[PDB]
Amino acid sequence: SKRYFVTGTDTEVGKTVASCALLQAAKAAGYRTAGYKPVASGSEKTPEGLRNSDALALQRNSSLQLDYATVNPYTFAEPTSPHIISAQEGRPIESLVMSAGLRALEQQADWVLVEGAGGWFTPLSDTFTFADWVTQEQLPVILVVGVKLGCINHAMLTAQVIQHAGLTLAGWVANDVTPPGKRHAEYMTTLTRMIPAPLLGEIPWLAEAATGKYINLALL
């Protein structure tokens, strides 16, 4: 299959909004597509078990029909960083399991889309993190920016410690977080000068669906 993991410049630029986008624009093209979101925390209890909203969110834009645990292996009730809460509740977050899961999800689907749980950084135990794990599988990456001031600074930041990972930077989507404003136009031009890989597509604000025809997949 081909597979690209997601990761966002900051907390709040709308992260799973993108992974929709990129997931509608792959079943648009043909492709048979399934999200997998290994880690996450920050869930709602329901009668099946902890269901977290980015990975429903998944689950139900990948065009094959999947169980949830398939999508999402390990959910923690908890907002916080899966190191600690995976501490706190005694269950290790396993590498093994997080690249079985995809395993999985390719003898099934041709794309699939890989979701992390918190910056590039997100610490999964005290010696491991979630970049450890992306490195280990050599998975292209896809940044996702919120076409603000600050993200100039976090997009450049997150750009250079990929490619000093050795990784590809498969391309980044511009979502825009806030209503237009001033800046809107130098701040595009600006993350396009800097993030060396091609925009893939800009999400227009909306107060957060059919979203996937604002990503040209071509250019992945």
Given for the second form:
Number of protein chains: 2
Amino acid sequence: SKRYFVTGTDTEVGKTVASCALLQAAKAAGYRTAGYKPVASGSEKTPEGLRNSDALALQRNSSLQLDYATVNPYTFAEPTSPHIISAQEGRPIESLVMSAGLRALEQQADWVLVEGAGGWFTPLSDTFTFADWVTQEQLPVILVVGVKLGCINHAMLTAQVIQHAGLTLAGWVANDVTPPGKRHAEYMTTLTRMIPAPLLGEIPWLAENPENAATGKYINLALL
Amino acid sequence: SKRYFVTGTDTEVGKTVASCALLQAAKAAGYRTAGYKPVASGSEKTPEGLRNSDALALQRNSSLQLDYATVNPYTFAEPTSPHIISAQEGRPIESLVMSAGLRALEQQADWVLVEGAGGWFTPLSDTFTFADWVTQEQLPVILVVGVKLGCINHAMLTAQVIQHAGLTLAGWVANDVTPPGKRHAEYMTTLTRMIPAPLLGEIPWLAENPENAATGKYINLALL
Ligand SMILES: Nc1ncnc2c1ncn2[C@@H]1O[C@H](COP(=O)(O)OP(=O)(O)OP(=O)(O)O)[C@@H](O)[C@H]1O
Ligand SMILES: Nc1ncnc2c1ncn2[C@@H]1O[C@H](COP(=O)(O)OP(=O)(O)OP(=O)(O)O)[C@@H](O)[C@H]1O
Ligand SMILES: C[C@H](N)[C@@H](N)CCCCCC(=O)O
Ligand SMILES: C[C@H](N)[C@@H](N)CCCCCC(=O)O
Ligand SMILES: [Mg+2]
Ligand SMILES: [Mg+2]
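Hand over the structure of the form deposited with adenosine-5'-triphosphate bound; the form solved without adenosine-5'-triphosphate is what we had up.
First the chain shown before, then all remaining chains and molecules of the complex.
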């Protein structure tokens, strides 16, 4: 079944918004979809335990009705690097558990999207990063680029490292994190030339609740 | 004579503030110093033409009295990627001119610091990036890390790419861009373990005019 890992040029660049757009587009194409956020930090308390907003957005945007834990096995309240809070709370993040969770979603979905945490190299322990897991799984990677000053360097750095790891950069998504700026078009042309992967689509600047905006239309799944 | 290229995990992470600290420390050590900002964007008009604040900070912090043009040959008013504004204004950025400017400073200084623009991969033309020039010059690189969420990934990405290019990562500087946060110490430990270069020093959060604060004391030049 189809599976993709979604990373970003940094934390807060739009991985979640783009992932929802990707999920909506797959559903529109006829796929039985599932979003997976194996490791999450920055979560709120609820009667059922801790709940992460990214995990909730991916869960809502999946065509299948999924249990929270199936979408997000590891939930930490504090919004910091996974490895720091995991060590402080004494709750190890295990590659095997993250991989088991992906297989579990594949029991019912034929199109799975995996959102990472932060950027490419976000640590999970003192000796293991998210990149290590993505490489282990041999997941094709989709790069979400928040269009802003500094994004060219970050996109280039991330694309080079992904390719070096022997992984496939399946595509990139341009996300308009802010209203139209002076050099928007020039940045889009530069990004298009430099990222060795197809531009899947561009998500407009959607001020109000973009996680729940109908954004699937901005993604051309046939380029993936 | 000694020469170092200063890059950062992104634009606006403190390359200029750290460069001033580095320059002050070298001067304290007895060196005849010179800061060099070959390419600059985001500049103000003056009676003498355009003037960039980074270039002005490096000029002020050099032990030698340097002419503005010697410090910054290429000055663009608009604060965007060098390649975009250079093309729009029809003023090509030439590797040869940038290299000639470095040699010119070396006529009088025995310790030269070169501040890049933006991050590692900032484009200078449609086919040439700053990284290309740094590689051509075989300059040892100092990585400035603005201590904040997302910096681990960026530091790791930049360090890997620099090493891959066959260049020497001479050291890194931790810059406190914001007041003390919850996981400061844990981030410093993670950064120290992961960056394959000596931590040269840490610049405290200095709210008021940090470019002109006495920061040389935070750098241990003997580790460089
Ligand atoms: N296209 C957009 N238009 C308007 N706002 C956006 C857009 N994309 C993202 N945002 C907003 O910017 C913020 C960051 O986006 P998002 O949560 O998707 O990023 P992220 O990369 O998933 O971050 P994290 O590393 O926490 O997983 C959010 O508040 C989001 O609502
Ligand atoms: N240690 C610090 N304490 C307080 N403020 C700081 C500190 N370092 C940097 N700043 C502020 O943060 C901003 C960015 O820093 P700086 O100009 O040194 O970054 P930069 O990486 O040189 O950016 P550019 O890519 O434009 O060259 C500036 O307004 C600066 O005054
Ligand atoms: C305006 C800004 N401070 C410039 N001096 C450097 C910006 C370069 C950004 C390049 C990129 O998008 O990676
Ligand atoms: C709190 C934040 N939104 C997290 N979900 C992801 C942050 C990871 C940052 C890791 C790093 O410093 O590179
Ligand atoms: Mg997210
Ligand atoms: Mg600067």
